[PDB]
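6 protein chains.
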Amino acid sequence: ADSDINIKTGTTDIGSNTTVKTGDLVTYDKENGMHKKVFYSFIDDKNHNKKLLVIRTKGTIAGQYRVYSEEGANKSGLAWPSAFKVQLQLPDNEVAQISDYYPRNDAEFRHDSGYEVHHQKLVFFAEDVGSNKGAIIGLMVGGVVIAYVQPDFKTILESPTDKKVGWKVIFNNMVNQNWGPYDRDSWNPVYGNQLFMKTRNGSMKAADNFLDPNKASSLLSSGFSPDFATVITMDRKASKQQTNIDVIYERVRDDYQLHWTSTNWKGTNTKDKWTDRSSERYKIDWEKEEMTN
Amino acid sequence: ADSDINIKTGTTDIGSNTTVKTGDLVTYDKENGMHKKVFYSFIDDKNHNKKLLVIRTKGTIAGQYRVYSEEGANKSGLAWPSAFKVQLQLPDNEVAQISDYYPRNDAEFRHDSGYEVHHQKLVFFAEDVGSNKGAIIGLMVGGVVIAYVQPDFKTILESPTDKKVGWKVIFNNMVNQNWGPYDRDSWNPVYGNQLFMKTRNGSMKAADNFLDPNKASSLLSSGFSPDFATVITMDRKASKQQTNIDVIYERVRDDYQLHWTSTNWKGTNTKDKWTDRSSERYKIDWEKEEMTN
Amino acid sequence: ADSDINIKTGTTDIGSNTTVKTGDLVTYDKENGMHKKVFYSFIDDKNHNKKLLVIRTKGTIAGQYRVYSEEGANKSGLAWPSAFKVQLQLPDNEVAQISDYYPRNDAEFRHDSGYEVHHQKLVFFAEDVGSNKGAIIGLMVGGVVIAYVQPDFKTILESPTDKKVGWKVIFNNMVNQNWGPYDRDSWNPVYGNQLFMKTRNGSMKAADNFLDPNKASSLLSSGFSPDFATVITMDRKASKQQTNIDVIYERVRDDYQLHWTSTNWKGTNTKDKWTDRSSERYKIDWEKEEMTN
Amino acid sequence: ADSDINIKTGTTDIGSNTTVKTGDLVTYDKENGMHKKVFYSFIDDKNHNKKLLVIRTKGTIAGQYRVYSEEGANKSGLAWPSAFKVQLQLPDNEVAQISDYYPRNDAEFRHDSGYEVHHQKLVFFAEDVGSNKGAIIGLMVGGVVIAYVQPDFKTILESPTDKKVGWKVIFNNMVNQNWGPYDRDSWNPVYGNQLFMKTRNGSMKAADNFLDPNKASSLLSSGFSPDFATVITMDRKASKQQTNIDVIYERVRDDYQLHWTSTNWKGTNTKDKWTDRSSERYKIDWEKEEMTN
Amino acid sequence: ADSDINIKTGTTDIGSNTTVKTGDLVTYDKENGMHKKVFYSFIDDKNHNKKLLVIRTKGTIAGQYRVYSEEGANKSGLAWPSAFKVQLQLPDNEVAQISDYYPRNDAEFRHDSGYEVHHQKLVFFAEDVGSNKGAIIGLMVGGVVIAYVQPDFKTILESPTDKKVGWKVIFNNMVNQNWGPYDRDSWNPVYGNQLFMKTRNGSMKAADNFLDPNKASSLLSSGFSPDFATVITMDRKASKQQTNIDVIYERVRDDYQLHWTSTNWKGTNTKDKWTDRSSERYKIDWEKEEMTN
Amino acid sequence: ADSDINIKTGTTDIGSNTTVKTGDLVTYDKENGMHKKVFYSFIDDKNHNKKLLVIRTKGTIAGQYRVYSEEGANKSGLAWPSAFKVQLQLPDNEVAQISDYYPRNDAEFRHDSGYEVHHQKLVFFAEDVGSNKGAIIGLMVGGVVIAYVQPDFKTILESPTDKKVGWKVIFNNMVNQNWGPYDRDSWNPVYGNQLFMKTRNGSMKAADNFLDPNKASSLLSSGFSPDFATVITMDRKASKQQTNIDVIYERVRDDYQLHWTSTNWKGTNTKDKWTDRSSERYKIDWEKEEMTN
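Line order of the protein sequences matches chains E, S, F, C, H and A.
If you read the first sequence in the working numbering, its first letter stands for residue 31, the second for the next number, and so on.
If you read the second sequence in the working numbering, its first letter stands for residue 31, the second for the next number, and so on.
If you read the third sequence in the working numbering, its first letter stands for residue 31, the second for the next number, and so on.
If you read the fourth sequence in the working numbering, its first letter stands for residue 31, the second for the next number, and so on.
If you read the fifth sequence in the working numbering, its first letter stands for residue 31, the second for the next number, and so on.
If you read the sixth sequence in the working numbering, its first letter stands for residue 31, the second for the next number, and so on.
It is worth saying that the hints were derived from the structure and are not from the lab.
Some hints here could point you the wrong way.
Only pairs whose alpha carbons sit at most 25 Å apart, straight line, appear in this in silico DSS-like list of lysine-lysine [claimed, not checked]:
#1 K163/C x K151/H
#2 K163/E x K76/H
#3 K163/C x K151/E
#4 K76/H x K38/A
#5 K163/C x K115/E
#6 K318/S x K76/F
#7 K81/E x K38/S
#8 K81/S x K198/F
#9 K228/S x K198/F
With the Cβ distance kept under 8 Å, some of the chain C side facing chain S (calculated, not the full set) [what the hints assert, rightly or not]:
#10 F69
#11 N208
#12 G210
Cβ atoms here follow ideal geometry from the backbone N, Cα and C, with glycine treated the same way.
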């Protein structure tokens, strides 16, 4: 931090003794089921060399975890979201730049606990008839245990540029009732993909053998609510003080097909079957310090 | 946070150097057993592009965990709440929008600790008669342990829109005396659903074999007290500066039927048997900055 | 929090730039052994739509854990508190309302750590006479461990209304010397209820076989000191600016009867044997902003 | 801290009651896939003996984890980043100096838990025919267990000078699906380097047997976003108040070659195969307190 | 703290409502590879009885972990830093004094967990031919486990005076790849000192059998960056308001000699083989409140 | 805290809106190897009924862990500090009083984890020749494990008065290389006291068989740096506004004698062999608010 270099905290930061122009822009795409909000803040710090626009994408991208097709009591299909995405893209001809962003790709870790342990035991068994017999045992304990947090969904900052930035929320692993973790690539020759199978030998029709969304992560059913900040920077001397920025929300829906083998249930997962995109273009006026749609 | 993008903290936030108009609106629905409160705050930040209304739904939704019917000493019935809900809905013809909300669906996790560990042991047993015999053992430890917090009730943000928003509190799992977790879908062929059975082979009448509410989560008996914030936003230039917002509280009550098999007790759970809704319409005056019922 | 919706912290709160009228009201009920205190704060925020009164019930409700009757060396009786209670009730004809309260029924949890772990071992024993014999062992580790905090006494918010609110402190479990947890419903056919038995085969008279209060939770002997806030709200336009509020403290005392079987000691627990209530009526003057008894 | 020497906190720090001149400088090297940002802050504290420039290198160095060459279904090649680097270098003829920097090389640790534990057991087996036989066992537990955090990537401060400073982010260890940690130097005679092998006996072509970047650390695919502060200091009396500073970003890409042995897959790792450098020269004007490219 | 004695926090501290004169003094000793910085702060608190100078030694002492000599493929030599040191010394004839310093020798601890645990088991084996045989086992668990943090390098405050003060960073223990901790005094009759041996039976020349510095602590290769504060105090009435203070940095380099036994590798460690000292004399002017070199 | 009694924090504290007169008094006793510092703060709070003097004893008491005498290769002697002490004593004829002090004797604890756990196992072994034989095992786990922090040195507040106060730092336990804890009273009939023995069967002369101070706690070699606050209080109306206070530092040095038995090494510990005291008398002027020596 700025204190670790012997500088008073908050001294190098921006926004001190300046007027900030905030605003909200909301809109609901019913077809794609997206509540999109943009919280924009214009900062003209006279001591800063550029005008700043802080664009916080927010809202909720409904997961729409839902059974979409039934071909009878033996087959069914589930649309489940495997990924969300948010992208802000400036046209290549613009003078503005994507100076900063948050969150970023924090360096994670795995707690690694190694073992170098020695045990010794001395047993000397005997009988009432006068027979003694014994052993001395030396036991070595070694190896490693790796422990870390395994979240259901990861958040990732896609490779950004001076014109494009983007976050993606990705499905990493899911824990079923008690059968253990499962991912999109899991494959059991017997049951196929057990990701969303309520039971393996169920007597109900396929449409009813899917996990109840309440048990599963709420990101799948209710959706995911991003809070992603981006910092645009413009030069005051630029002749063109108006820009157009494309804000894009995406929901990638995979197809979980459940089939009856006449013996047990089998599950297959088709990736990126559907992609639901909602793109809006926002006009940014740097002189009046406003944003509109 | 706004510090991670080199911006002074609190600079982009709203409510700086402005007068906020607060208020409380309380009412008790005796029939549905709901204490409803709305804490409203009007914010007209001249630097913000819209008028903000922060509506915090609060109060208490009595669980009403109670025995409702007795058909003798062999059968009884318990009304127990499986879910609470709070919904704020604007009519489709309104100009206002549901800009923001809290709490949201935070991404949860499960601590995943994997094992790759090696043990070696060397035993060499002997007898006093001159007989030696031994073994060398190599032992592998592998697999994973998953540990996470399992709360009795989850809080969830239902898929919102620009006109409707809603939270639901859901029953996830309950721990009986020491018999382990149980859910609404638990089913033992012997005892059926052991969710609220005080004893399996009790000699008392069914009505007395139900768990004492004090032992169980207080959400079931005393109730649940929400604190849910929503942020409405209106354009200052809109001709109609009056709106009507419907605040809805719901208690979903399931029926736990306890039966005597002449050998032991059996429990069944009928979901969403009853639904108790309390809806109020609040008139919002954005010019006088007030809310009324 | 209000920061999570992009609003400066403390902006929507009450009490900014206003004069608050505080006061203390104390009284000791010797008969019921209750030190009752009420800390009242009148808040007239001109920007708020109602007058607020924050009533913090405090003090100490002596547990009075005590031997009350002795019928000889074989029988004795202990009065021990199983529950405390605090209730604030407004008469039904009043215009005021119980807007808010604290503490509430926080959603608790139980840390659930599940296991899916595999072990493999390979033993190959041998003798010096030339005889080898071995085994290969595959071991499965599964199940769950549930770990949570188990306090001696719970605090609960009884189902409130717009006129009545109430907290109850309840005895949940107690740990004896080292014999494990015990509750009011514990029953051993041999010893009955071992909740407060110092010893099972004691040679002393019954009155001396009870747990020393110092070993036990201080809530039983010295008592419990509540800190419970309630928020009354009144409309400024109401013609009647005087109200009467009933503050009630209760101590529920159960009877632990200890008997000699001529072989060992047995304990029985009669619930809610006695109920000690101390009720006071406080006159609230909203114009002079004071409270009196 | 400055409080531990009886000095009021923040008293010895810089930036109190002074005007700070901030700025952003952004640029995207498409060829090397680097988003470079420099956040500069000029501090002229009249009570300080020198002018300070705080240069925070930021941005994102795309990992570019990607299959680069395929020679058929038996061989493939992956370019994966093993290291990132950021260097600020002043020409030797300059009067300015690199006074400070952050982050630095914090002293790490390993939790060392040693054991000195004794167990004793006494077994006395018997048969119904009247034969008793027993043993007394003394068991010693000793040794040590070492547990520490093992991150995927380390951050390091290269040996700095008064003209050059530099950070390097280094690949330390990676955890595959569940096969354990692997590093650049790992070598199995059977499989070679299993760092990025999706499967050992896969039937797919080599290009498809590489780990999905989503599973792997996002530093490899999306990239790494530095936040590295440096503090330049200049004497006010220096005649030459203009300097040129070279900011350098580097991505070191190693080649992971995957080969088919007709039995299983083998992996080899060629270190530092490619080095992608993006260097910019920034003109620093200490009189106008600005930086340009 | 000052609050624990009923005194408002920060009241007894220095630097309140006074002007502080700061400064940086930087210099790079190429020969010894030291980046030396001194951050000085002059404090003349009119309410304090003396003038204070806070001297924070900072910078980086390059470890210079490096192979220095090769006599062929069987022998090699590594210069590795075992200790860093920083010393501030005033000449004995000066009137100034070393009033305070930081960091100091904090009292450490070792978590000591003792055991007094009892287990009992009852086995009763039987055969289908009608033969029963059993045992009752009582098992005692006792002893202690000691767990504490074992850092690679310790920081120590050498015995100070009113004229000399000094910190030393010392090599305590290092963890090799997975062979366990090693120190300067470790000695295996087979391998000697295994501190920096990459492999025990390597086929490469000695110079290539040394640990890669990236694997090892960065203090060895990149170096150590001190932050050590000292507080000089002078009497205002002293006639001589100029002083000379000697700031000394030291790097102690040990020689790790690796030899080939024609069977395996052996390592020896010669302590304090080289000592690299960089001493500077700083002129302190207490009247103009400055420091120079 | 003062908030828990409904009082604004810091309201009852001292030092609000008053001028505080600070000062440092330093001196080095070479013979006893003590760097003594006194940080004094005079507080005359007009709202307080007395004048306060906060005296913080600080500095460093060199441990002087050192070999003092050698009688050959078979015997040696080590002077090691077992205790430090700081005492402030007012003459009995003074009007001033020792009102307060810090640190004090905080109530410590030991984490006590008790066990009441049941295991059951069912084994049923069989042979291929048609012979089955089995057992059912019930296992009880009980007892307690006590875990707490065991520091090398304790800090203690000696029984104070209105004229004398004193802290003592005491040697509690030390951990050797890996042989376990040892104290001053430890005694092995074979090796005597193994507190500072580098090896048990060493071939080096006794003087070289002592633990290296770097391995041991730095309190022994470099020393201990106290920070002990005392609060003197004087009545303003007292005629004699001058006092004399004796500040005393002590180092208690024990003698660790190491002897050669011609078989192994033996260690003996003579307690409180030497006591090194450094006493200074400070003149306190309450009118001019100063302290001198």
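Q) Hint numbers the structure violates, sorted upward? A) 2, 4, 5 and 8
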